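Peer 1: Residue strings, one per chain:
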Amino acid sequence: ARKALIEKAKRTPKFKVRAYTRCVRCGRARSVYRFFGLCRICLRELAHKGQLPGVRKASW
Amino acid sequence: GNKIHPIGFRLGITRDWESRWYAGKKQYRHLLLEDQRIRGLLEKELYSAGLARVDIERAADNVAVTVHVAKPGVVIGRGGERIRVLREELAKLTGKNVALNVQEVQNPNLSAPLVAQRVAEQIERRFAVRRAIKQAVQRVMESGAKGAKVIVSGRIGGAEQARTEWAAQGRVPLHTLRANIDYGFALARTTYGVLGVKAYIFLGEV
Amino acid sequence: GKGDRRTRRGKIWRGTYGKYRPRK
Amino acid sequence: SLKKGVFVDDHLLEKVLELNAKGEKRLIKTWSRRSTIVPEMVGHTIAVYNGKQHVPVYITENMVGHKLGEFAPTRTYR
Amino acid sequence: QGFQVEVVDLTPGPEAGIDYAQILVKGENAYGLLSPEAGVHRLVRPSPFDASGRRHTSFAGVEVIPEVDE
Amino acid sequence: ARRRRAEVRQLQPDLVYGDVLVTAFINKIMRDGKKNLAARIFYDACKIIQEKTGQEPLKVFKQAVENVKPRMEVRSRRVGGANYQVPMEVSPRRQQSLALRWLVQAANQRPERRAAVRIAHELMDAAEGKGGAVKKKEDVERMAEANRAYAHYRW
RNA sequence: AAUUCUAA
RNA sequence: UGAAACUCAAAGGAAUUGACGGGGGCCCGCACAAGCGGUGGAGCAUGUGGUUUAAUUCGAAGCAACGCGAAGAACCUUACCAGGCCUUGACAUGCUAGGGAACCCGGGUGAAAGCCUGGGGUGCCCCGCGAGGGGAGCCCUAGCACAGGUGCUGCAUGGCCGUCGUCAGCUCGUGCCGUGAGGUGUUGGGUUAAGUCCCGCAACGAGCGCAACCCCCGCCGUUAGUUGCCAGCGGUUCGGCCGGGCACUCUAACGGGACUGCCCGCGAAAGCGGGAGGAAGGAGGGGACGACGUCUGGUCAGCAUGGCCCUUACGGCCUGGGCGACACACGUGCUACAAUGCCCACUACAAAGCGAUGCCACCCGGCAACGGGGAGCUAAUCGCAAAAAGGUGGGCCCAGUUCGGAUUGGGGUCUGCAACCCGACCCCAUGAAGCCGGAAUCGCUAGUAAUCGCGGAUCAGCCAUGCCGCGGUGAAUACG
Ligand SMILES: [Mg+2]
Ligand SMILES: [Mg+2]
Ligand SMILES: [Mg+2]
Ligand SMILES: [Mg+2]
Ligand SMILES: [Mg+2]
Ligand SMILES: [Mg+2]
Ligand SMILES: [Mg+2]
Ligand SMILES: [Mg+2]
Ligand SMILES: [Mg+2]
Ligand SMILES: [Mg+2]
Ligand SMILES: [Mg+2]
Ligand SMILES: [Mg+2]
Ligand SMILES: [Mg+2]
Ligand SMILES: [Mg+2]
Ligand SMILES: [Mg+2]
Ligand SMILES: [Mg+2]
Ligand SMILES: [Mg+2]
Ligand SMILES: [Mg+2]
Ligand SMILES: [Mg+2]
Ligand SMILES: [Mg+2]
Ligand SMILES: [Mg+2]
Ligand SMILES: [Mg+2]
Ligand SMILES: [Mg+2]
Ligand SMILES: [Mg+2]
Ligand SMILES: [Mg+2]
Ligand SMILES: [Mg+2]
Ligand SMILES: [Mg+2]
Ligand SMILES: [Mg+2]
Ligand SMILES: [Mg+2]
Ligand SMILES: [Mg+2]
Ligand SMILES: [Mg+2]
Ligand SMILES: [Mg+2]
Ligand SMILES: [Mg+2]
Ligand SMILES: [Mg+2]
Ligand SMILES: [Zn+2]
Numbered sequence: 002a003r004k005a006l007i008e009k010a011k012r013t014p015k016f017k018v019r020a021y022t023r024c025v026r027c028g029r030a031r032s033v034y035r036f037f038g039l040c041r042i043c044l045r046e047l048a049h050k051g052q053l054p055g056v057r058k059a060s061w
Numbered sequence: 002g003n004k005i006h007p008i009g010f011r012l013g014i015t016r017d018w019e020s021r022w023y024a025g026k027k028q029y030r031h032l033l034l035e036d037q038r039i040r041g042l043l044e045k046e047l048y049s050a051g052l053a054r055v056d057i058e059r060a061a062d063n064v065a066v067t068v069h070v071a072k073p074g075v076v077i078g079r080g081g082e083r084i085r086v087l088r089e090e091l092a093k094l095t096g097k098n099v100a101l102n103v104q105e106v107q108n109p110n111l112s113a114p115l116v117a118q119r120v121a122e123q124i125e126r127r128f129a130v131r132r133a134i135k136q137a138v139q140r141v142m143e144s145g146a147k148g149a150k151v152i153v154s155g156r157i158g159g160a161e162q163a164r165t166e167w168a169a170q171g172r173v174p175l176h177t178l179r180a181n182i183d184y185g186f187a188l189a190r191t192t193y194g195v196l197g198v199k200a201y202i203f204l205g206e207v
Numbered sequence: 002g003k004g005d006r007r008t009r010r011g012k013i014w015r016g017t018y019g020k021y022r023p024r025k
Numbered sequence: 004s005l006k007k008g009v010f011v012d013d014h015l016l017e018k019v020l021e022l023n024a025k026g027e028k029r030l031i032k033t034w035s036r037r038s039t040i041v042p043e044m045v046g047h048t049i050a051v052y053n054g055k056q057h058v059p060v061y062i063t064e065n066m067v068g069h070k071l072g073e074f075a076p077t078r079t080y081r
Numbered sequence: 147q148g149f150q151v152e153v154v155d156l157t158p159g160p161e162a163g164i165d166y167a168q169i170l171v172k173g174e175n176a177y178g179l180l181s182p183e184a185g186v187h188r189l190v191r192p193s194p195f196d197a198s199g200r201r202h203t204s205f206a207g208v209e210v211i212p213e214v215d216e
Numbered sequence: 002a003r004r005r006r007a008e009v010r011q012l013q014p015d016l017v018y019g020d021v022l023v024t025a026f027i028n029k030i031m032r033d034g035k036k037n038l039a040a041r042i043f044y045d046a047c048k049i050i051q052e053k054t055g056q057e058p059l060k061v062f063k064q065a066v067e068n069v070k071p072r073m074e075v076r077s078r079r080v081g082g083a084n085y086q087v088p089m090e091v092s093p094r095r096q097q098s099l100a101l102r103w104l105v106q107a108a109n110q111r112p113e114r115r116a117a118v119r120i121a122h123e124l125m126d127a128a129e130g131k132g133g134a135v136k137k138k139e140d141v142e143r144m145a146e147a148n149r150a151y152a153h154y155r156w
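Residue numbers (the authors' numbering), protein chains in the order written: chain AN, 2 to 61; chain AC, 2 to 207; chain AU, 2 to 25; chain AS, 4 to 81; chain AY, 147 to 216; chain AG, 2 to 156.
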């Protein structure tokens, strides 16, 4: 119900209402920023590697 | 479970990004995804070179793919047959012009991602981990450096009692920003658990 | 009070507009 | 609540409708508890799916704007 | 399975659990179903009532006798 | 407050009378940090003063606030299985706070429906050594002295 | 002037 | 005076290192005391136990689980159940055969899935105009190797994380004492936020830590002008509207500035008290960062992976129900119990963000939600937009009331295939409990607590009173 699931987040069958986000690195379905397209985990793990454009840990 | 990445912590200053290219909130997503799909294919067929980094620049509708390595060879072949079929495979799934490149690393022992895969491999090849660590560090500090540090997660030697063998030499202030410390991390994959290794190489400063 | 859906703060705290709070 | 229409599922009417010509039997299964009972249905019982099975829910005048799903409880011992 | 229950007795105790629990259950062909589940059952799980939380064992018996002469 | 002897935050002089105390009293009438709708009330009272006593609202203060200063109150301690609530002197600083506080509290009790009225009235009766606020003064002073049995216990 | 915490 | 049977694999001496003490010495933290506002009571929202149920998916469990995963459950999401279907299959890879090799609009049937089915025709390798089929894409069905699993194990594991703890610590090399475990260093004397520094000393240095480098708020200047500006005159429909002008404001980029440097008092030093200059002193206010390790902590359900396990189903698909259940009990919360107040109208002042099937100027119909029209905007130059408390003059006049908005009847708008379960606002009518909260218990030492409102992530919509930020007003008190 994981792989066979992301394999439907890709398509847009009947109605648009069933159109829902989904992380890209993994199949994360919750907490996914339409912007980056990554979950909150992947997002953090990457920003650490530096593989995230213009992104950097804030501080104020 | 503390300590945070020493890279995303230096991003601001010390360390540069690893994929710099301004972008609009309408593109950033698809493009950022591109860099990954690229770092992904270059991950496999290139592992024999030691892809110790992959900086990717882009002005627009182009790509500055640069595979820095301490040992090119297999990257090119002996003229331009290999390194050519890779520029081939790249844009062979990227609607843009994959401008490929290949740099060199003088001292591979002073490269984290490398020393990482190093020990990470002596592991899958059943080696005295207590040694591989004290030896790999005995490679850096010796081959010119100021600090060294290796770490291996649980399942060492195969013992069901998942340990975590330390071992470091020199200096490694992950708290000090003005220092620049190279970090690496590879994953040995054995019959039992799935060990993990961390590399810490201290270099310059100010 | 901030729950009287038929008043001033009624809509303020609510974030809507109605007969009891037309848009200016 | 809808304002322009009556969101009654296709198979709902299409079936019932022809069933009105000469007044067919009655046993009419369904899975559209999420539809509506427009007038003219009076008399025709429907086998609504409470999620588990078909409930022989009778239809009468009074109950109109109400839906089919609003006649087949879905939990027990409320 | 339908059968009904009658808690003849039930008493707690000191730290945690239950000291003695006796019950009467009816419903067609009942004893025949619980007669088999007669003996001492063992359990292995992390003892909550421990500091280290070590893996611990526990024994408790289940007797089964039908309501006959009254 | 185990290290520093803390610090006595400073009260900025009034913006009408120029009194660093005429404010400390307003501060106590301040609910939700609303000093405007608070100091206002106070000021609507000073007019309740000059209108029920030629007395200018200043000594109606230096008097009601002076007739409330408890000379000595009680601060409990425990030597060990000792339910001794020792009586003892009051910090000149503390005195004022207890005063002003009790003045407001008392005020907020009177049956006067408005507000300034209460403060105004309570200020007069307290000035007149007979306000609900002084009741708290003697009441507090009763406990003290009445237990001078524990004079060797002023921690 | 204040009890107790089984046994991997 | 003085046994034995039986029984255990130790009983024990000293000395280590720790942990512990209702031992002691010194010193800290909103720990207490000092003081202000809450919870516990009521109604409701929400998370949990319980019970219930066809199912009410699962995990989290003192602190450190309970507005937690969940930064968006009507079908989706979804892991649960009932029912209808599908098997190399929703996806990867290689391969097999006659098919077949881009391929396109439907018909029928059913709840949908699905089963079935009615037509266009394949650039081309090109012996070759041709029959043909080599033919690259590469879809159709059978067959093979395999796929698939939020099924189990967080005591098989990685990574990431919580926590003691931003605590002042934990260690190393060599030497010296010790038979040894280990000790000295790191104790002691003075000091600080600190294993901070100083002073001694069988010790001498060194590493991980603190500190410092980094960012934000402060003051100042350099560069920069479509933000702003009669600062100066100008014309000004009198709105920086306009030419005009970088002076302000300000925007964002690089610097400067504070160091116990100076004076006075103590002192062996370190450093403390205190003086002036200054926007700022003795880490200037907040962030960033969190050691050796601890809790067989958390996480196989984000993911990765060892081992076990189901593989025409422990897989896959759809319709529908469920996660929203309710005699109860607990946690976090919202709004109240009114006059420092509530209602009505008028008039003001922010910040940080945010916008292409997006934010909507202004009109218009509508009591209104909202709905027709429509300009601006790729956005310091247009929109969200009005901030609210306040200022203000006026209606209530102490009453369950003009306090309170729960419940419920009737009628609507918006997103969406569709709001019965189970959505959000709108309006009319209902106007419940609560008159300040038992034993207990929580937070906060300053632009803090209290109180007020705005924006953002998620996202069709939204159950958001939640979470992450911002600024308006602005305290009380610290003896110890
Ligand atoms: Mg969604
Ligand atoms: Mg129903
Ligand atoms: Mg007993
Ligand atoms: Mg006992
Ligand atoms: Mg014990
Ligand atoms: Mg013997
Ligand atoms: Mg001994
Ligand atoms: Mg005692
Ligand atoms: Mg206290
Ligand atoms: Mg309550
Ligand atoms: Mg599980
Ligand atoms: Mg907690
Ligand atoms: Mg939600
Ligand atoms: Mg659903
Ligand atoms: Mg599902
Ligand atoms: Mg399942
Ligand atoms: Mg664990
Ligand atoms: Mg300690
Ligand atoms: Mg020692
Ligand atoms: Mg040090
Ligand atoms: Mg020393
Ligand atoms: Mg000092
Ligand atoms: Mg555990
Ligand atoms: Mg657990
Ligand atoms: Mg897994
Ligand atoms: Mg996965
Ligand atoms: Mg079967
Ligand atoms: Mg549901
Ligand atoms: Mg739930
Ligand atoms: Mg348009
Ligand atoms: Mg306007
Ligand atoms: Mg109150
Ligand atoms: Mg504090
Ligand atoms: Mg004070
Ligand atoms: Zn993800």
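Please note: incorrect hints may appear among the correct ones.
27 Å max Cα-Cα, derived DSSO-like pairs, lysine-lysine [unchecked claim]:
id : chain 1 : residue 1 : chain 2 : residue 2
1  : AC      : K97       : AN      : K50
2  : AU      : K3        : AG      : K48
3  : AG      : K70       : AG      : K29
4  : AN      : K17       : AC      : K26
5  : AG      : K35       : AG      : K48
In case anyone wonders, no lab produced these hints; they're calculated from the structure.
Peer 1: Does each hint fit the structure? Answer for all of them.
Peer 2: Now for the hints, and whether the structure bears them out:
1. AC:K97 / AN:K50: The given pair, whose Cα atoms are some 25 Å apart, holds under the 27 Å limit.
2. AU:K3 / AG:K48: Distance of about 35 Å is beyond 27 Å: violated.
3. AG:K70 / AG:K29: Holds, because 16 Å separates the two Cα atoms, which is no more than 27 Å.
4. AN:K17 / AC:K26: holds (22 Å)
5. AG:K35 / AG:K48: holds (21 Å)
Hint check: a violation occurs at hint 2 only; the rest are consistent with the structure.
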